[PDB]
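Fit chain B to the known structure of chain A by using the hints.
The lines below spell out each chain.
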Amino acid sequence: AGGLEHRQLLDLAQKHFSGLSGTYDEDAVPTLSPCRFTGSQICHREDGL
Amino acid sequence: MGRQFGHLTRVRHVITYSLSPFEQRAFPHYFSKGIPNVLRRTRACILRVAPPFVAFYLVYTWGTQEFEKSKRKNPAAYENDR
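These protein sequence lines are chains A and B, in that order. For the first sequence, the positions run 234 to 282 when full-length UniProt numbering is used. For the second sequence, the positions run 1 to 82 when full-length UniProt numbering is used.
Worth flagging that the hints you see were computed from the coordinates, not collected in a lab. Please note: incorrect hints may appear among the correct ones.
[Stated by the list, open to error] In silico contact screen, one side only, chain A against chain B (beta carbon under 8 angstroms); selected entries:
| # | residue |
| --- | --- |
| 1 | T271 |
| 2 | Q274 |
| 3 | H277 |
[As the list claims (entries may be wrong)] Not the full set, but computed from the structure, chain A residues with beta-carbon under 8 angstroms of chain B:
| # | residue |
| --- | --- |
| 4 | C268 |
| 5 | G272 |
| 6 | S273 |
| 7 | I275 |
| 8 | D280 |
| 9 | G281 |
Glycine included, each C-beta is placed from N, C-alpha and C at the ideal position.
Pulled out of the complex, with its shape left as it was, chain A reads as follows:
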């Protein structure tokens, strides 16, 4: 963002980021898994502080 034209940024990315690769192997793009919230309580009682 700034005083830059979108065409210049796209062309610059095409020049340098074209060497980047995707879908490397069977993993390709890994997917996330849900994380379960757990009602709990942690108490680090330190009276010095």
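This is chain B only, laid out in the frame that chain A set:
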């Protein structure tokens, strides 16, 4: 009454973890480990609890036996005869 949480004692470098009561079973491994626990607890005290009360039953089983024997008549009919 001049004593509440905040000034009870000085506790340092102790971390505690706990779970929500709704995220854990109220009766977890009740008979799986509770029953083997009670056997452990009973043995740890049966050598200091049972002998004092075992003696009382021995007193019971003898103090009551002698009482009926006193009420029972004894064969002391001699020296009178016919």
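_Violated hints - listed by number, lowest first_ = 4
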